[PDB]
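All protein chains but one are shown in place.
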Amino acid sequence: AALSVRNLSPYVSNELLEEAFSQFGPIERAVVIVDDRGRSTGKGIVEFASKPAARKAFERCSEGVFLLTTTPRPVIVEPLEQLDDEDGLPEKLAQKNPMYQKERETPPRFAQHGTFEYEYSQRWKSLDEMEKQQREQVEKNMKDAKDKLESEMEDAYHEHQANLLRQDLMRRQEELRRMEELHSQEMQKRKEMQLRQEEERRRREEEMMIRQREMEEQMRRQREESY
Amino acid sequence: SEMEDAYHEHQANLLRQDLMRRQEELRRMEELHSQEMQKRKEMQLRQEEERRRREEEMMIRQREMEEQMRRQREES
Amino acid sequence: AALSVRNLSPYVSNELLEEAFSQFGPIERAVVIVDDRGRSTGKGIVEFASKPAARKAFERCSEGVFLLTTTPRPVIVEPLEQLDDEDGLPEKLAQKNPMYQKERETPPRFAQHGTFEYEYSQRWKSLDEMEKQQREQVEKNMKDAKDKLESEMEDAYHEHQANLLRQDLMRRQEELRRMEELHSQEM
Amino acid sequence: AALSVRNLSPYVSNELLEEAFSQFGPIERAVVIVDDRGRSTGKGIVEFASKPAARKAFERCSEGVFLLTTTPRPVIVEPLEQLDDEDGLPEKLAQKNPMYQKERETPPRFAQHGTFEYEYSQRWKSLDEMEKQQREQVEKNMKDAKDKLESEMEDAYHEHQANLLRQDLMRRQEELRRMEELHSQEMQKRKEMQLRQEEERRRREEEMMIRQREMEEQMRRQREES
Amino acid sequence: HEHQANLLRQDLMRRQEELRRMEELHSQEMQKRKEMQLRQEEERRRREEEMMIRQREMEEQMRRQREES
Amino acid sequence: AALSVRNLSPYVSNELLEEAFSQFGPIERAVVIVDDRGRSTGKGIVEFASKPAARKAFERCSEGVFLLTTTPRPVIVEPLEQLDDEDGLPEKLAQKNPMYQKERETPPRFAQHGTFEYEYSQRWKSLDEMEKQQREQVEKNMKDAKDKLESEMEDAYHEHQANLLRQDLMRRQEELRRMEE
Amino acid sequence: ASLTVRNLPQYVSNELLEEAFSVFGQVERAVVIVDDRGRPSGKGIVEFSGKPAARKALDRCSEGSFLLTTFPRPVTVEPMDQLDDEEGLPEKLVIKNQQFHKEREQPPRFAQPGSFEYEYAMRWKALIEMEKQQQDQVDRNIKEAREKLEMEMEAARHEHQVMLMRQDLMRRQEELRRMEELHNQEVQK
Amino acid sequence: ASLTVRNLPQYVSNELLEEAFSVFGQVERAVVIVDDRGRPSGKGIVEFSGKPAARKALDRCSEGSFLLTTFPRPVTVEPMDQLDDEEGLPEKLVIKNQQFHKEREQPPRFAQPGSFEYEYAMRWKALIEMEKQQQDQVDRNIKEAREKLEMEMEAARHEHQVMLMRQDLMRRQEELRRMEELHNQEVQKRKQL
Amino acid sequence: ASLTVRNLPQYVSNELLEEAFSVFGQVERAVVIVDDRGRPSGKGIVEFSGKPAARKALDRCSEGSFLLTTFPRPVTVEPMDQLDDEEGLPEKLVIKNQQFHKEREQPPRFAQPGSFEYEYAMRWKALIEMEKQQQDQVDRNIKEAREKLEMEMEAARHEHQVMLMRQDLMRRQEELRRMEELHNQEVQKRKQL
Partner (left out) sequence: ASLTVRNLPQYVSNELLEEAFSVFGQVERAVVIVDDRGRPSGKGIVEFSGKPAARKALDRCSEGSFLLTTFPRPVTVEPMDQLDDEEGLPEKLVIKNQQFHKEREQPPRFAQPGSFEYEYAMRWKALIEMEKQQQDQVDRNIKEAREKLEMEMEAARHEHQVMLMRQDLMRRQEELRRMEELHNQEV
């Protein structure tokens, strides 16, 4: 139950790796491959206790995105392929080819200048050099692409923050416009009601005043007659 | 011997009658003015209660408008 | 049959107010309302056995004048208002209201600076302050008017005595004038 | 047939108002009222020679907004009220009502200390002073409001420009987003098509390679036979 | 000498005959491989032609959808 | 009834071509293409009165091999392609289709820097350069092949004559061996 | 020398102002301002022959209450402002500084709706209309106060008349008592 | 040591009053005055455990604005005026001085019309009627002002909401601009070096 | 002073060549070669008047990109190569050196299968045939490249449209920010004084 882990930061230790994938299952032994000089190779193999834990990790990391560090470097996992260096391809397994016995007849040599084997070995050498060149070119392009991504941490981070803030501000502006228009309508209705009430009040007051002045005139007339 | 006393009594009686007449006129003016004032006061009270009734009715109409207005705001 | 009677002098009694008003009916109980220091507040309470008697008392002291002191300050009666300070409004009646439950959802607070509630509590405080000023002004005007009516307690009495004396002298002089002219035309 | 325009700028003059209001009709006289020093009073009178054109101008400046100067000071128009200065109310017209004659019977005077006329004139004078205070209050309130509204000459202009720009930028961003999404769909479908194409080419090339292998094998057989 | 010259000429004749046989078998080699290569080039050219016609119809369809939208 | 003749020697003439293809039928006109300087272009055209005569000439030089020169240079004949020089495509025929009108509306120009037209025209021009270099490569290859195959002219004749001498000497040896025994 | 007598009585004449203010000096011209229909506007316009007479008149009618007729409403007297519409605004008399050019960048014209000019002109028009509402409110307040003060004239008139009668009676009664007591004390001695 | 609370909200309880005022201290008994027909009278009575807590509550409710429901109407708190309506004023508790004697010069009876006492009594009664009219006028003034302030419940609420939220939006816009220019100058200096 | 135009647009008339190259100078004649059917060969010959104008058009189209219609395919212009089928090679024109007599040992005839001329003509014909196959291979390569370019035209057009409009949006956003901040510090420096 081993799952291949790669594209991992050079600061994650063995134990950080074992803690990160612990949530998928038990960790019998989690190790990141290292080279002679001691730096982590960025690729690791982690051994899980149970087959279902490894399969769950592979799936959930396949559809989802797993992370391990502050730097958003998603972890990509693939099933391991097992290789062996102490046991090779022994003869009892090897002699079984009918033609291998008749193929070995030539001793392994370096060919000779002018013979066909040498003249064709040169063509195979040219093909191998072309393959090496193409692999080097891909590796260089990629290192360049990863360095370009590393440069753009701050810019796109700030851009994301600014976009979120601008969207929030736009939402608040829309709410402000809605409240403003509704309040203005509210005030217009209140003002209309107030002016209607004022007109009614003025008319009623004029009526009461005309009655009062008529009553005063009658009092004055009766006073004059009594005099 | 009763000359100065006779003149004094005559003048005092004349001005006492004058004062009595003026007092009667003052009483008449007082009562008439108080009647006028009372009529104006009752007119003021009647107009005031009519104003109160109109203002109360206008206020309940404003209340009804306000509650319907808030009901519309809640619905939207 | 409770009558809220006020405008009385500080020298009245539980006895004087129960000897004066005993004419209208039997005395259930009449008490003067006194503050903490015991000095009369100038009011009282009077209740009667039969409500018919108390209503007659109200109408008589309303249309007429009931005076209880040598100093002529009338006794003014009104029906007594029923207010109780123990059985406040109960929850079984308070909660029947549908909007009460959504009215208490906000806890009793103190408003907070800048908030709308604190911005409006200041307008309410201003209204309360101007109401306080108007009430104080009315009370001081009544102090002035009553202390004035104390000042002309004696001057009005003397003027009234003088007026009755002068009317009596006028009547005497008119009668003597008629008698003298009668005797003159007799001669 | 005249209109009373007001709210004028201090720097307007006769001919500016003559040429601005001439759009609606002919002009005979249009004078901007000036005080004793000649300084602009902010008001003018425009007496049209034509009544219908004057009414059209009144309406169009009423519902519409008219200006006279870079600073947005709208010019407001009301019909003029005529008051006759050097003629007034003669004696004969007044004496038509007989009751005027019992008003003049008391000669003009000053009122006298203690007389009822004095005690009343004092109340009238208190009312006049209160009215004067109210008028001064309104004048000061509107002077403050106008002086304030002059202060936002540039702030409101800046806000309007910024709003036009942000709306333009918003619709630009919307158009950009639409183009991005549509073109991304274009590219995705092109990519899937070419993937299918090269897979088919791959299978055909493999079948080709097998044919040439069987050629080589059969030919090796024949060469061994010969 | 004549014997040795005759042996050398005989060896040369045998070697010319062997060379001629090898050359003619290689001539059949080139004939067969070359004709198959032309056949397969024709097949691939035709396949690419019907490959390109499909791209042309996709392009015209996608442009029609562009104009409709 | 015309044929386009190529692979001609530098020292061919009009009359040489006329008399070479005259065995195949009557000639009307056969001329040799020459450049501005009048140098031989190695091409030519032969025109025959009757189409079947042209067909027989074409086939006879196709399956057969026909020489004009002591140098064994073959002649390759293929049907000539007719292209009118002075009468192009009239505009009236151009307007027949509905695409020319909707296609012409943009005037001739030169593209502007930064425009898509300029950017894409640059790729078109790069393709043109690639095509031209490929054509020059193929032309240089055939220059090499011609110059080479002219070099073994004497050597091939010498080895052919030596081969004939070896064969008839061998048959003489065979008949003498049969005679002596 | 001009004045501007305000709050005139309801029933006035040119010669009423010519005679009443003749007290303070010579009135060359006093002509109640009259509108088209012929009704009085409610203001006056008086011109004296000299300035010092006018200043004295302003001071007296300010500290005093120059009643005009029997209706006890004094006339408010204020100095007149000289609104000139003869010379108007000649073009060559304007300052024509850089401010004129700053204000004459663009010609008189309407405001295009939705622009900045129209949006700002809305604010100015709202300000002007609110000012007009305030002025009409002041006019309404003064009118209602004036009508109230005209209604209660009879009450105050009769109140003061009664008070004068009562004080006069008190004075007469005190005179009676004093003279009687003086006579008694002198005859006794 | 008992205070009085006034201007209670429309929907109040003994419990609302004691739970609301318990923050200043322990409330021995808070009650809400009610009339006979179950309608609230708009007044309260609260008694704390002693002088210090009550004085603190009085000061804090005077200088503060203690709301006790969602309706923004603070309660005015005033010390209670106890009125002894049991002991009254017994004869033994009167000073019974010569002022008492000259007060007791005529038995308490009606004033016969047309005498001096009747005219003076009418003067005092007219004074009392004028006082009652003044008190009703003040009550009416306060009622009209209260109805005016109750109408502006919603207009003031919405205006304050709009103003507060517009200020919040302006603050957010300034924060965005400050952060954006900050980052711009950071990256400018960092690319320059 | 004639010029020829190559890889001409598919839809074209004589008049397009007449007027399109008129910018370089006066054009006496302009023709678009057509086969017997009506499908023009994609080549065109323009008759100029002046040699300096011909040189100017040639090098201007060389370094420039003469786009002739909305289809963004520039036309490649090369000098016309003059071929003369009229004069030919009259017998007197031939130098008639010793090479010609050596070139004329035998009259033009066929080749007998088996004689050295035949096995050498076979080698020549094989060389010619491999040349023809190579030329067809180059034609096929260019055809399959130009079809791919015609396909990619639309994607390139849309990508350039997007790039231009995004750059314009960025420029105008920067302009907005510039104006806003500038107004900010100018109002600040006005208010501080």
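So that you can tell them apart, the chains are marked A, B, C, D, E, F, G, H and I in the order they are listed, and the count of residues begins at 1 in each.
One rule holds for everything that comes next: a residue touches a chain if its C-beta (ideal position, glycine included) is under 8 Å from a C-beta of that chain, and two chains touch if they have at least 3 such contacts.
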Chain not shown: contacting residue from D:140, D:177, D:189 or D:213: D:213
Residue numbers in chain A that touch the chain omitted from display: 7, 9, 11, 13-17, 19-20, 31-36, 38-41, 44-45, 64-74, 76, 81-91, 93-94, 97, 99-100, 103-106, 108-111, 116-125, 127-128, 130-131, 134-135, 138, 141-142, 145-146, 149, 156-157, 160-161
Missing-chain contacts mapped onto chain E: 1, 4-5, 8-9, 11-12, 15-16, 18-19, 22-23, 25-26, 29, 33
Where the unshown chain meets chain D, residue by residue: 209, 212-213, 216, 220
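Criterion: only the chains that are shown with their structure count from here on.
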Pair joined by the larger number of C-beta contacts - D-I, E-I: D-I
For chain A paired with chain G, centre-to-centre distance based on mean C-alpha positions, whole Å: 82
Euclidean distance of C-alpha centroids - chain G vs chain H, Å: 47
Distance from the mean Cα position of chain I to that of chain C, given in whole angstrom: 121
Numbers and ranges of chain G residues touching at least 2 other chains: 154, 161
Two or more partner chains touched - positions in chain B: 36, 40, 62
